[PDB]
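6 protein chains.
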Amino acid sequence: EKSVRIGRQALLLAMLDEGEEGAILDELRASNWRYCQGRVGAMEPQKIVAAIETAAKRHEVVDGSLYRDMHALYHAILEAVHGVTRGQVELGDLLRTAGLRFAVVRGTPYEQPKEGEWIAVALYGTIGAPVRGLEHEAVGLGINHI
Amino acid sequence: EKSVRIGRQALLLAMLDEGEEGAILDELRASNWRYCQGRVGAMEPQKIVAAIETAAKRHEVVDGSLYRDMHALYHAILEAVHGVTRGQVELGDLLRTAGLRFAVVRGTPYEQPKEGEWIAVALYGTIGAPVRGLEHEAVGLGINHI
Amino acid sequence: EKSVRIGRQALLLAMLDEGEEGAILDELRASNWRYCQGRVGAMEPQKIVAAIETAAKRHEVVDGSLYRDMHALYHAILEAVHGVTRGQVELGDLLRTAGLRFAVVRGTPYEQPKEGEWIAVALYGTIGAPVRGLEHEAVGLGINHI
Amino acid sequence: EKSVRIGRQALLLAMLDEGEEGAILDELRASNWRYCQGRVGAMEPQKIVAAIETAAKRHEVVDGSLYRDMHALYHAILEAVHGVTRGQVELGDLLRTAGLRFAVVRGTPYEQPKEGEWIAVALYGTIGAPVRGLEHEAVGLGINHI
Amino acid sequence: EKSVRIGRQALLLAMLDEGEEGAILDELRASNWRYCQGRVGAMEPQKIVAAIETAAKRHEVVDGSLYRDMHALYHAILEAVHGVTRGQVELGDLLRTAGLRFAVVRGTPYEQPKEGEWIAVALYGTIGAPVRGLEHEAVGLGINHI
Amino acid sequence: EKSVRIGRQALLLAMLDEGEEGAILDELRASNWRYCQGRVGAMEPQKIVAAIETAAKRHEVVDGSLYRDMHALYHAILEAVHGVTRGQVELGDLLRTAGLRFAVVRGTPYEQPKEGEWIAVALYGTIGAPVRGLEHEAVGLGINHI
Ligand SMILES: N[C@@H](Cc1c[nH]c[nH+]1)C(=O)O
Ligand SMILES: N[C@@H](Cc1c[nH]c[nH+]1)C(=O)O
Ligand SMILES: N[C@@H](Cc1c[nH]c[nH+]1)C(=O)O
Ligand SMILES: N[C@@H](Cc1c[nH]c[nH+]1)C(=O)O
Ligand SMILES: N[C@@H](Cc1c[nH]c[nH+]1)C(=O)O
Ligand SMILES: N[C@@H](Cc1c[nH]c[nH+]1)C(=O)O
Ligand SMILES: [Mg+2]
Ligand SMILES: [Mg+2]
Ligand SMILES: [Mg+2]
Ligand SMILES: [Mg+2]
Ligand SMILES: [Mg+2]
Ligand SMILES: [Mg+2]
Ligand SMILES: [Mg+2]
Ligand SMILES: [Mg+2]
Ligand SMILES: [Mg+2]
Ligand SMILES: [Mg+2]
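Chains as they are written, first to last, in the UniProt record's numbering: chain A, 4 to 149; chain B, 4 to 149; chain C, 4 to 149; chain D, 4 to 149; chain E, 4 to 149; chain F, 4 to 149.
Derived from the structure by calculation, the hints contain no laboratory data.
Careful: at least some of the hints might be erroneous.
[What the hints assert, rightly or not] Covered by chain A, according to a simulated footprint, are these stretches of chain C (three or more residues, beta-carbon under 8 angstroms):
no. : segment
1   : 95 to 106
2   : 135 to 143
[Said to hold, decoys possible] Think about it this way: if two alpha-carbon atoms lie no more than 25 angstroms apart in a straight line, the pair counts; the simulated DMTMM-like pairs of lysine to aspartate or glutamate are:
no. : chain 1 : residue 1 : chain 2 : residue 2
3   : B       : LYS117    : A       : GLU30
4   : D       : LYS60     : A       : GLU114
5   : B       : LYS5      : B       : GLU47
6   : D       : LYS117    : A       : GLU63
7   : B       : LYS117    : B       : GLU24
8   : C       : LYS117    : C       : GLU4
9   : F       : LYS5      : E       : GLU63
10  : C       : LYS5      : D       : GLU21
11  : F       : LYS5      : F       : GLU47
12  : D       : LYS60     : A       : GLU118
13  : B       : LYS5      : F       : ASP66
14  : A       : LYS117    : A       : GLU30
15  : B       : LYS60     : B       : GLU4
16  : F       : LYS60     : B       : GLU24
17  : A       : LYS60     : A       : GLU120
18  : B       : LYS5      : A       : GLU120
Ideal Cβ positions, reconstructed from N, Cα and C, are used throughout, including at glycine.
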């Protein structure tokens, strides 16, 4: 009964370049956890939330018709987005835009089997002015029971 | 095209297990950037801030007597801590505690040399109740010009 | 010189089903306090604020032309809406919508007659995804002197 | 149609005077849901959180050794406390104190059985200066899946 | 047209050097408004709030035994303090300290007499690390009806 | 090596009537600091941010093409706007609008020449309902190294 850093897995999927994330994809392949990865460019924060919801449903990480799944996920997304905005969640209303990669991981990270499933949402990318090149990095992670 | 993800380097230092970080430590040597790593266990947020300020100074990443350096670092730390707390920056006052790794990296990551120096502060850890095992992961990143 | 739970009156008007709130309507009828009740469905928070302002003016709880009345009320509304959003006041920008009942009560709740008038704004309903059934409950209360 | 307003039950327990709550206590018996009530006087927010965690555990509403239960409850408590503080969760640090009743209710309130269990935490009280009589009402509600 | 910028008067009292404020002190005499000034050094925010409450009472700007007066003043103080902290109201808990001047002015600044009395609270100072010289300026203003 | 209250200079430019700010304009003329003044009426906060950015670039206080300058300024603007909104930065989404004067000052306020440049953003005006006359005053100040 080993414990796993599910959040760090999600983050690595969001921040490692393609073909560097091989070992993560294999760990998740082994323990048979559901996950998805995606990208979103946004000036409205709801577009982030919807992108992640669209991806998680699409790759069967969560069931769009089951509120407990969607409630779990929604709260994780909002925690992740707070990491990126480092305060109030605003993009366009504060004249900034973000370009982000995301990952979502659903699994059983705890040693005790009774801890059940947990979900992780990671974000990594840039935030900046609406003009290319006037930006820096940002990150977030959200965790919730599911 | 010559730009570097300084934040991702800092986050990788904070999150990769000791002994997995060699290629990040090598890149930093080649560019001759200053950096440091550390760990802090805290039930009060000022202990995080003091720990990272203490580390950065003692490793000569910043000059503790120069306000522009300490001003730049302080704001980057608060940004990183927001990512960890996902809302109001509180630990003990909301009955939670954190165990965090951190890293600080300063160099010049943009192509244009006029962009000068920037500093990244990354936190990766757990947060939870003050009871062993009742915790989950958290992450944060702050960036500032310096 | 009895004291009255004006906030709890407002809340009961917002959360009790119709025909259950009889005794509240009679207490308010007795002490001759002004009040109003209403409903709003919204994806933009300003639509909540405007609905409540429209109702309070309409039922003569406040004077639309007197800023001290409208300043009193506005601040109470925003406190109530914070209860509902449990953090940043966002609906649509965070991909959620709310369906709420409200009540506003204006009166003299304190024992001392010199405490003058006070106003209460209560909200109760659901918040959720923009899709019906994927929602749970929410509440708020705001109090201010007037 | 079979759904229940679990939050409204919790709020009614918290706010109705002792002896007025019988029909709420009866509904809860018929559905066989777990629940508890309590009171806390506090000048620090962690005392609220500790009080409700202590109560829920000691009445077997949650399992203090199971993180998914304590994780679900903790987030519901912070949501309820936001409603009380109407902004930053502070008491003593902003020179205020609170006297609150609380209730926690867990059962399954949705029609579809797959929605499983949810927990409500409700706070109703006063908040004010640390001087007798310089206070007004406050309320909060938090809901989470569990 | 007869309106007065009561907040600007309060801010000018707080920020102008002693001996530069005479014309503001004169305007206040002519209108016979109540007011007070003061200084507070603090590492905890409640010390600000207590200091301004203490000053207002002891100079008879407000009646410490009347809740409507203390309620009006308290909210104006928290607003002013938000301007100083530029986010979460924290000093010591985020490893910073402040040295502030304040002023409180109450009179009736609107044209229409029905608008009655209003109170302004202004803070002007520095905030910084608890080390001499590692600081910069900050300001705040709060207004409320009273 | 004298120290200068650069923030208080910016604030005075934002709050003093025209022809009253003479001595400030002369001090800045003497030390040869860059600055600009402006006005903005807005119901969307990004319109404030853009107005100030447009003015600062236009009067050569900052270089629009240099991210370190624009990053410095952006953060100062957001600190200033927090002073005005006294919490969450919202105007129209919370059914309020603002009419503001601003000033931006860039200079070398510290005694030590190694402290380099710093920038100040001040705001002063009114915030209120979208209807004229139902408003009161607001202020903010942001400081950052540059
Ligand atoms: N630096 C901002 C983003 C930005 C807006 N404009 C320029 N940069 C941030 O930390 O989010
Ligand atoms: N889950 C909390 C931490 C915690 C407090 N108590 C139990 N857990 C968080 O997300 O920060
Ligand atoms: N559960 C969210 C609302 C929601 C959005 N999407 C799904 N649910 C809240 O607490 O406000
Ligand atoms: N009125 C404050 C409580 C308070 C503090 N001091 C006086 N009253 C609030 O709304 O939370
Ligand atoms: N610069 C901080 C104050 C500070 C803390 N440590 C150093 N400086 C602020 O803007 O509030
Ligand atoms: N009084 C509000 C502004 C307002 C909105 N509506 C009426 N007034 C504030 O402090 O920001
Ligand atoms: Mg929810
Ligand atoms: Mg600063
Ligand atoms: Mg605090
Ligand atoms: Mg504290
Ligand atoms: Mg106001
Ligand atoms: Mg918004
Ligand atoms: Mg918006
Ligand atoms: Mg959690
Ligand atoms: Mg109050
Ligand atoms: Mg930035």
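Hint check:
Proximity of the segment 95 to 106 of chain C to chain A, defined as three or more residues with a beta carbon under 8 angstroms from a beta carbon of that chain, is established by the 5 residues found. Counting residues of the segment 135 to 143 of chain C whose beta-carbon sits less than 8 angstroms from any beta-carbon of chain A gives 4, enough to reach three: the coverage restraint holds. A distance of roughly 43 angstroms separates the Cα atoms of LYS117(B) and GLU30(A); the hinted pair therefore is violated under the 25 angstroms criterion. Note on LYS60(D) and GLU114(A): the hinted pairing holds, with a Cα-Cα distance of about 22 angstroms set against a maximum of 25 angstroms.
Pair hint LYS5(B) plus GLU47(B) does not hold up; C-alpha atoms about 40 angstroms apart against a cutoff of 25 angstroms. Taking the CA atoms of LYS117(D) and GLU63(A), the gap is about 17 angstroms. The hint holds against a cut of 25 angstroms. The straight-line distance between the Cα atoms of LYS117(B) and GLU24(B) is roughly 30 angstroms, outside the 25 angstroms bound, and the hint therefore fails. Proposed proximity of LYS117(C) and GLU4(C) is supported: the alpha carbons are some 11 angstroms apart, at most 25 angstroms.
Distance hint between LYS5(F) and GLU63(E) is unfulfilled; the C-alpha atoms sit about 39 angstroms from each other, more than 25 angstroms. For a cut-off of 25 angstroms, the pair hint linking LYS5(C) to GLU21(D) stands: about 19 angstroms separates their Cα positions. Restraint check: the Cα-Cα separation between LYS5(F) and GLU47(F) comes to about 40 angstroms, which exceeds 25 angstroms; the hinted pair is violated. Between the alpha carbons of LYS60(D) and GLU118(A) the distance comes to roughly 17 angstroms, so the proposed pair stays at or under 25 angstroms and holds.
Straight-line distance between C-alpha atoms of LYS5(B) and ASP66(F) comes to about 22 angstroms, which keeps the hinted pair within the 25 angstroms bound. Between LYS117(A) and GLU30(A), the direct Cα distance comes to roughly 22 angstroms. Compliance with the 25 angstroms bound is thereby established for this hinted pair. Under the criterion of a C-alpha separation no larger than 25 angstroms, the hint pairing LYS60(B) with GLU4(B) is inconsistent with the structure, at around 32 angstroms. For the suggested pair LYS60(F) and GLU24(B), the alpha carbons sit about 42 angstroms apart, so the restraint of at most 25 angstroms is broken.
For the hint linking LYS60(A) to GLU120(A), the alpha-carbon distance of about 17 angstroms falls within 25 angstroms, and the restraint holds. Taken as a hint, the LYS5(B) and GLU120(A) pair is broken in the structure, with Cα atoms around 42 angstroms apart against an allowance of 25 angstroms.
Violation of the numbered hints given earlier is confined to hints 3, 5, 7, 9, 11, 15, 16 and 18; the remaining hints are satisfied by the structure.
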